[PDB]
Amino acid sequence: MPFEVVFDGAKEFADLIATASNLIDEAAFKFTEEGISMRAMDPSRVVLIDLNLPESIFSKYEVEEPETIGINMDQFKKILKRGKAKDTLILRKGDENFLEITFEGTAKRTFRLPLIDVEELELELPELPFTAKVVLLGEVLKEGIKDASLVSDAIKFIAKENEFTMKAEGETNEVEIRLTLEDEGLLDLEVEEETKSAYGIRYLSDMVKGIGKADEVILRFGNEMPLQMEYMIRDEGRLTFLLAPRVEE
Amino acid sequence: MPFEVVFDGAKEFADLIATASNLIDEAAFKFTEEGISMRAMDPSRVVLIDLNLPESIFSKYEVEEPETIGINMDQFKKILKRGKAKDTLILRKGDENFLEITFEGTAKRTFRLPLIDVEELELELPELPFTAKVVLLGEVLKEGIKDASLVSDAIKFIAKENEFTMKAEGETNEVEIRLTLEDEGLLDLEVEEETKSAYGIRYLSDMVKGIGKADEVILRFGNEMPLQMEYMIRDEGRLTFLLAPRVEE
Amino acid sequence: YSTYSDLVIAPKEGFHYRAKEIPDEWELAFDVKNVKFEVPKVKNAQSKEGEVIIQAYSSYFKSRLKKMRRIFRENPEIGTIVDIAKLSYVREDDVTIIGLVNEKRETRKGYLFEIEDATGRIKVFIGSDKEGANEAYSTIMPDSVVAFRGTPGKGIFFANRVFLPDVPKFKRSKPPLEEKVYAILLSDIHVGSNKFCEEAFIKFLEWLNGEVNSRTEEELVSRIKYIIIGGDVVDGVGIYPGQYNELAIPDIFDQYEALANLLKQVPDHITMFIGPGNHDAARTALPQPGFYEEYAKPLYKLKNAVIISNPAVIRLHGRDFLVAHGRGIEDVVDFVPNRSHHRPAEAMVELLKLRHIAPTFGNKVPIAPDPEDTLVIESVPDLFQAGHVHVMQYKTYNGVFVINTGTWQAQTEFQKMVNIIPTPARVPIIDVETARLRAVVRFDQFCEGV
Amino acid sequence: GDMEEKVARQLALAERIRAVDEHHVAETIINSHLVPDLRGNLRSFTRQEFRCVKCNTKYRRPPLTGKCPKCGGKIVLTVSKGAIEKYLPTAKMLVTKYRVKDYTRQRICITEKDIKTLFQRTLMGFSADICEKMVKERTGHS
DNA sequence: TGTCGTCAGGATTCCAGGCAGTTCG
DNA sequence: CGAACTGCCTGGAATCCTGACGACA
Ligand SMILES: [Fe+3]
Ligand SMILES: [Zn+2]
Ligand SMILES: [Zn+2]
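Protein chains in written order, with our numbering: chain V, 1 to 249; chain H, 250 to 498; chain S, 499 to 948; chain Z, 949 to 1090.
Hints were generated in silico from the structure; no laboratory data involved. Any given hint could turn out to be false.
Claimed, not checked - A short list of chain H residues far from chain V (calculated; beta carbon distances all over 10 Å): (1) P251; (2) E275; (3) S293; (4) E311; (5) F325; (6) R341; (7) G354; (8) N422; (9) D432; (10) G461.
What the hints assert, rightly or not - BS3-like cross-link-like pairs, simulated, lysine-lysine; straight-line CA separation at most 27 Å: (11) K405/H - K84/V; (12) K1022/Z - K584/S; (13) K1040/Z - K795/S; (14) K405/H - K445/H; (15) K1022/Z - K799/S; (16) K86/V - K462/H; (17) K1061/Z - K795/S.
What the hints assert, rightly or not - Cβ-Cβ distance ranges computed for the label pairs, FRET-style: (18) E1080/Z - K667/S: 49 to 57 Å; (19) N97/V - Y1046/Z: 57 to 65 Å; (20) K546/S - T106/V: 29 to 37 Å; (21) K560/S - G988/Z: 25 to 33 Å; (22) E410/H - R571/S: 56 to 64 Å; (23) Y1046/Z - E314/H: 26 to 34 Å.
Quick reminder that beta carbons are idealized off the backbone N, C-alpha and C, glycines included.
Can you make the complete structure from the sequences, with help from the hints?
See the structure below:
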């Protein structure tokens, strides 16, 4: 179904493109009149990404009929690799299963890509108990996952009432990232009871690779519960992740 | 034969040496009392280089007798690789066939290199009307070429009365770069009649890699006529390139 | 060295030229058929530096399978055509299978074949004392498309009947033309060497104007309106190191210009047909579209000089004239026993019953891979042209006219060291209406005695 | 001597060029190496040796089989198109650096053969192309 | 077994971010 | 008197360059 989408600031969205395509090479966009969502699953069944973009994010947003479209982000990365910030990105679809990307601003560049089906496992987001919520930044995540990668391959999440620390050790080298309220790494925290869990490093290093440094990230986890990494975009959109816990530490 | 010339700045000329080295591999800069020029073609028959640098670009300009010397692009490219534009470029040639490149900046660097006997055939270029002359910036050419070369290998240039467009097609990825006078990337249009031609963007990639951001670029080409692209240096120098059109599909 | 630009003789006024409508229409043109949108567009989806050889040579046999398979389907004799992979379903019923001939294995029990199709591969065993054992044994062993009727077994297909791409014996005859017209077939001129039969060539050019010796030649020459050249206009460059002392004209532009001055003596009413070869400055790989644009400038300047493709099907008066040179005869006489250069037509019968020109690979000629096999004779050919053996013979096979073209040079030491006796100054005068040999012109008196 | 003796030929040959006063006569010194490249490209051209990835000593027939029946690997062919393209610019730049006759057909026939086998109309012959420049001389003279 | 294709780490430049010199609210 | 205008220094993103690993006859 034909539709018109207009989003400003393609530079900020490129981080979402790198973050989304870094794990899965293809994306399935749920195009709805209320907004554009996206549920893609990693082939190794480790992470579920869900992008929620309301209508209020897009200035010009015309929907004829909601549907699901398939986008090969392997080339869309190349589409928005050189996109600017002061420009305007436009995604329009006509009658055929093609996508026309009108790029206006200092220069007019339109694209035309085919729309192919995306095979993803149907996995929703059940109402799970998340008793650990912490607010982090991009640099805190980068330094935490990289420094935790130089010492081991797993990570241990320990969050208490007024603290959020990450201890990880392979055989000799020990890392323990502590977050307090005196610094700027931890702004808000919601941890009722002490919570601990375990997760990987390589996947977190692949997800933080697209996300910048000044991007606040909301993290949630519970006692041996899947991780929920969500954060708002322009205070309205929300990108939610789903990580699988690891039996190891 | 001995001559000395002092040009201020090293990086601005290093862009010319960079563009020339990426577009030609063996050239012999001919030295005339009007300035330094070079009319040659790449030995793989891809582009045609014509460098015209008057004496007005050079601060000091001292000639005894006009003659021609050969300069390697690689070695001379490596010299001005890290050469700061705040230095003082000095070219000196005396009785012997050596080149003395003295830098008078933060550290005087008097250089010496032999000059090989290049057997470059001085070839000229004929004159004929193209009816399609456009004046566009350089950055718009950068983003317009580097993005379309990934989706296709050949680009189609079409210019009409107060209309400019550069569309390139492919298997399943189309693109076009349409600019007019009221845009912010197209300076002037001198198109008189309908013009349309096809060229290879793979030559245009390295052909435009050495262009600047604010440099006014003038293009002259035709329907079956070759491609011409010339731009000025310090508002006086002129660098013209001419490549044969693609006779393939 | 000379340049052959002095022989300018006007036609004899006493010779009567017949003014009549001369139809001309080529059927096989490489420009509009293959290179239009198939040769430049093979894959277009590969790396920065890819190859276009795996797909061209891959589909090169698939196009042959579709074409020859269609020829087998047009023949109302072959039935129950199945694939090799479908033989596992049939228990004992006999079927027909069409596939390529990888190799040929001879055994005391019989003949073991290795037939591979686009679907599968199987060994086709046939007995020794079979009716079709001779056709399946004397066939082209390295590359051939065959069909078999039989039943598979424990892993070996026990075939009973053989089927080769032979021309149909039952064919509709051509209507008689209202006006008589003849044609000349000649090739292997080899201009540029010091042993060229220049005398027979200039007497031949003077003979073309109307200077005939016998009264019978006036009736035939007075109606000849077409001339066809097969190929090998020069001796070649880069064959053997002892050629520089033999090439009388080392300059290639003087050979093209010399040949242009030698061919311009032909009257304008006679249609010229010039086909490229492998010894000239052109595409040495078969098939050959035509000449280059640097050395063939005077030939392109001459409008009368028509540069046909190689091969090229020239349909004149409704007749299909297959114009080609090839190297299959040498592969037959060197690979199939009881065949020699003294009887090249016998080697040409095998090439005629296969609908292909040169399927044998490994000979002294490069083969360029193309996505579509053009060397497959789809339509019923009326004339089959070959050469490269310098021995002229006349033979008609199932109504198909088979003849050679001869040469125009004397015997060289290279020809002497390989034990082949050339037959120069052989001018076969064939008929276009009846599609048969009409007369034979021998100027061996002016040439060296064989 | 692909390193010292080759450069020795490149320098001594230029010394001979300086000795003959830009008067070059046809010769066979490098052609002594160009003939095996011609017969090797034309010879191995029609060979097309198929070798799968797993099996190396198991060569496949010149006809096309699609895939290797023994091993589940793609078949790799050697038509000698990409290995000889390295020695061609070595002498091609030297031959291109002078206008001589009786040898242009051997130089341009192989590269135009590679062009016809694989398949940029040049505005003019500025790469030392004796093709357009030469034929233009003869045509304008006629 | 040498050599070609490909990936990650380091270096580079423009822009954002941050910091001198001067004048009018 | 103190911030904006103007101009300038530095880190971050995009780009370019180079060393190391895996494959083929
Ligand atoms: Fe011959
Ligand atoms: Zn022959
Ligand atoms: Zn194998």
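How the hints compare with the structure:
1. Against chain V, the non-interface label of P251/H holds: every CB pair exceeds 10 Å, the least being about 48 Å.
2. Every CB of chain V lies more than 10 Å from the CB of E275/H, the least distance being 33 Å, so the non-interface label holds.
3. Here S293/H stays apart from chain V, with its beta-carbon at least about 27 Å from theirs, past the 10 Å limit.
4. The beta carbon of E311/H is kept farther than 10 Å from every beta carbon of chain V, the shortest such distance being approximately 44 Å.
5. Residue-level check passed: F325/H sits 31 Å from the nearest beta carbon of chain V, beyond 10 Å.
6. For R341/H, the condition that its CB be more than 10 Å from all CB atoms of chain V holds, with the nearest at approximately 43 Å.
7. With a minimum CB-CB distance of about 35 Å to chain V, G354/H clears the 10 Å threshold, and the non-interface call stands.
8. A beta-carbon of chain V comes within 10 Å of the beta-carbon of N422/H; the shortest separation is about 6 Å.
9. Not every Cβ of chain V is farther than 10 Å from the Cβ of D432/H; the closest lies at roughly 7 Å, contradicting the non-interface assignment.
10. At the 10 Å boundary, the C-beta of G461/H stays outside the reach of chain V, the nearest C-beta of that chain being 16 Å off.
11. Proximity of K405/H to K84/V is assessed by CA-CA distance (about 24 Å); at most 27 Å being required, the pair is judged to hold.
12. A distance of roughly 24 Å separates the Cα atoms of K1022/Z and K584/S; the hinted pair therefore holds under the 27 Å criterion.
13. A threshold of 27 Å between alpha carbons decides the hint, and for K1040/Z with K795/S the separation of about 24 Å falls inside it, so the pair holds.
14. For a cut-off of 27 Å, the pair hint linking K405/H to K445/H stands: about 7 Å separates their Cα positions.
15. A C-alpha spacing of about 49 Å is found between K1022/Z and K799/S, which places the hinted pair above 27 Å, so the restraint is violated.
16. Distance hint between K86/V and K462/H is fulfilled; the C-alpha atoms sit about 17 Å from each other, no more than 27 Å.
17. A C-alpha spacing of about 19 Å is found between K1061/Z and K795/S, which places the hinted pair at or below 27 Å, so the restraint holds.
18. Checked against the hint of 49 to 57 Å, the pair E1080/Z and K667/S passes, with Cβ atoms roughly 54 Å apart.
19. Taking the beta carbon of each, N97/V and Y1046/Z are about 59 Å apart, inside 57 to 65 Å as hinted.
20. The hint said 29 to 37 Å for the Cβ distance between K546/S and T106/V, and at roughly 30 Å that hint holds.
21. In this structure the supplied range 25 to 33 Å holds for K560/S paired with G988/Z, their Cβ-Cβ distance being about 29 Å.
22. The hinted window of 56 to 64 Å between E410/H and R571/S holds, with their beta carbons roughly 58 Å apart.
23. Taken as a hint, the range 26 to 34 Å holds for the pair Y1046/Z and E314/H, whose Cβ atoms sit roughly 29 Å apart.
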